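What follows is one chain in structure tokens, specifically the form solved without the named molecule.
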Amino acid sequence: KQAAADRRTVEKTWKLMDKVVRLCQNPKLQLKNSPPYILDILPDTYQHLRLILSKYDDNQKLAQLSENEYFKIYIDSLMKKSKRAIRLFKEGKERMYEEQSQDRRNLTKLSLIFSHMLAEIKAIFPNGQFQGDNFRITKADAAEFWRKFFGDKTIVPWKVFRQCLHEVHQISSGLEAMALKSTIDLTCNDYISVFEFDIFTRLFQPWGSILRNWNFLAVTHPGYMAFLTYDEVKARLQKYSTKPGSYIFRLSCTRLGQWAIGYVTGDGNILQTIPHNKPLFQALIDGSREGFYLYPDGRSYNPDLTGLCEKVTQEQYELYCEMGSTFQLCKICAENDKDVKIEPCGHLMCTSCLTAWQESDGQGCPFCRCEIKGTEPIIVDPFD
């Protein structure tokens, strides 16, 4: 239960956001020219929040806004992520100036989250006016699922979303559900908004086989490159500029919900194509037949995608989860955060899973089988 999003609460996010901007303005960091551009995202976020406040310009309008379920979650997540970014500079110290450090990698993860939060607030409050209850989900079969399970809700907890999604498309394991959460929950707030749902269903359409499309195209395909700028797509394909047909497909934080396929032309140039509102697997099948998309990431084997027209190991899901912010999530249930540490081994899980485990098997830790001498409540941060 988050606090009401009153004017005072909104302004606390601006004060925390101005601190993040000040910390990121250190020339040693070189963030002025560093995508997705946190020095442009936080001012844009501030201007959007100001635009919202101007549309709810009276006591009664502000009473409606502070009670808006989506706005309350937005302000609460913005406050939490800004604080996490300040905490990152405080603990990273000199490591914040080394571009390859894990502390700078964590700053890039937060930068992507702020970029996604900005696109989300602009879609849900276009021109500063709430339109979440009138949001258009692009795929009709996806729209029918949202309306069936969540009615006119603009946002739902991940816990509820996953359970309802399982009712239509079965999720086989805790690791798969964790991998899925990092893919849909772009703002890393433990909620799925209708906007995040619309992005995921556009990327992995058609709806009828959405988890098969996601497992194949994002979890196991060697051509998948996650978020990349065009300059990184070029650097990635530059080593293979001597092999026409080499290709990769990436997401763009300035074109949410669409794919960009970068490839080597017959004359050695690197060009890109944005497929239409049609499955990515059909664009890869078409381009393969026509000799444009032959070697994913420059490698000779191009997986047979025709199966998707008419298998994933636990290790693959674990590696997929690296870029995400799911370390705080219980690996067993993939719906509650880790809040208990087993002693002496130190494995972590949620309280419900440990209780369920002690009432079921209980013959040692569920991960290492070592004798459970004790338990200890803990708080886990996604960057641990």
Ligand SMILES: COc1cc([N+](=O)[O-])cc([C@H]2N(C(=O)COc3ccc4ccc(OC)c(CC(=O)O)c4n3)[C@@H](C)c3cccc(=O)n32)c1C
The other form holds:
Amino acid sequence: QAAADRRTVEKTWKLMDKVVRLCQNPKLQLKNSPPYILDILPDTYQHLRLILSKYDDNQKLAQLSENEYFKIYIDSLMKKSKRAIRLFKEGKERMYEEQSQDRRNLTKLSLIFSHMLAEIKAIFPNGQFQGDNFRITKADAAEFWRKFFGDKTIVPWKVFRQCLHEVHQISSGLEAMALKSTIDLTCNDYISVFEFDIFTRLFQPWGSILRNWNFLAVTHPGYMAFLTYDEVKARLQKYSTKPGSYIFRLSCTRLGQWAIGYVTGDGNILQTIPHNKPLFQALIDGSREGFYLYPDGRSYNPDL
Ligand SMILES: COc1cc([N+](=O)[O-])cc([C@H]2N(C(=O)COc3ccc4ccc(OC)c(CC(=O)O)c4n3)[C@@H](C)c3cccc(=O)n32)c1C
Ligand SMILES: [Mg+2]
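Given the form solved without the named molecule, state the structure of the form deposited with the named molecule bound.
What follows is the whole complex; the chain from before opens it.
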């Protein structure tokens, strides 16, 4: 990780600007729906401009430029922005085909950028680095983080995996690789305390977290990962005549929280946020009551 001096941070601004120009192409017919690069990248430049404003003398810039998280962040942003630029160049006319693999990769990158924005606003609230004070929401998860990493804001994946394995054993590399793609929202091969917080909130309780993660995100056909409210309604339309069809999903706008969509006996699509109980438990309760019967339309619910 190169040092994050103002020259480097500015070089990243120019790259993001290219991505914004490329995404303004009308032939693209880009829909205003989260994650929306034309919101995320400008807001990211703004937050970076804020951070740099605070580190105004030369002993502050030495702090910021040497900040391990910030060094990693700026390097990711530059790599992801170069990737996006490469995507349009190599994708050429295939970028206007709203269903092409080139546009799907652009959507993948827009999620990442969105996750990176939420992270930096969390780690640098109001441009001031607060990474070592970040309060992990689940207490037993926070015990784990402080025990093995203490004050750190960001941790190499390999380090994180070995320490997690001491407490919750991973069965295989394929599992570890699926776990990585789940926890590592920003796809930078690191685990920040923000990503850890999102993960242990989604798949609580900590004491059985890997079982919960497998049950919800690996083996459950009802899991849909990131969808907007409208996208949930759209996907369930084909099942509006099959009450009990349901899916559950995440929101890139409100990380760390689950939502469920399901079809009522009348053929209506309702969506609900399970406040104050783990998702696997809401699904188990929901199944018994007769609401959550056919995950994504299949004919049986996965075995608890
Ligand atoms: C039971 O009533 C609801 C259930 C859901 N619903 O299940 O989607 C959504 C809505 C409500 N909205 C919100 O409440 C937004 O505030 C939150 C707060 C926490 C959230 C946690 C997770 C989550 O999903 C991962 C969402 C929804 C999202 O981010 O998309 C959250 N939204 C937004 C979206 C919206 C858009 C269009 C119609 C609509 O009614 N609403 C209501 C009342
Ligand atoms: Mg990461």
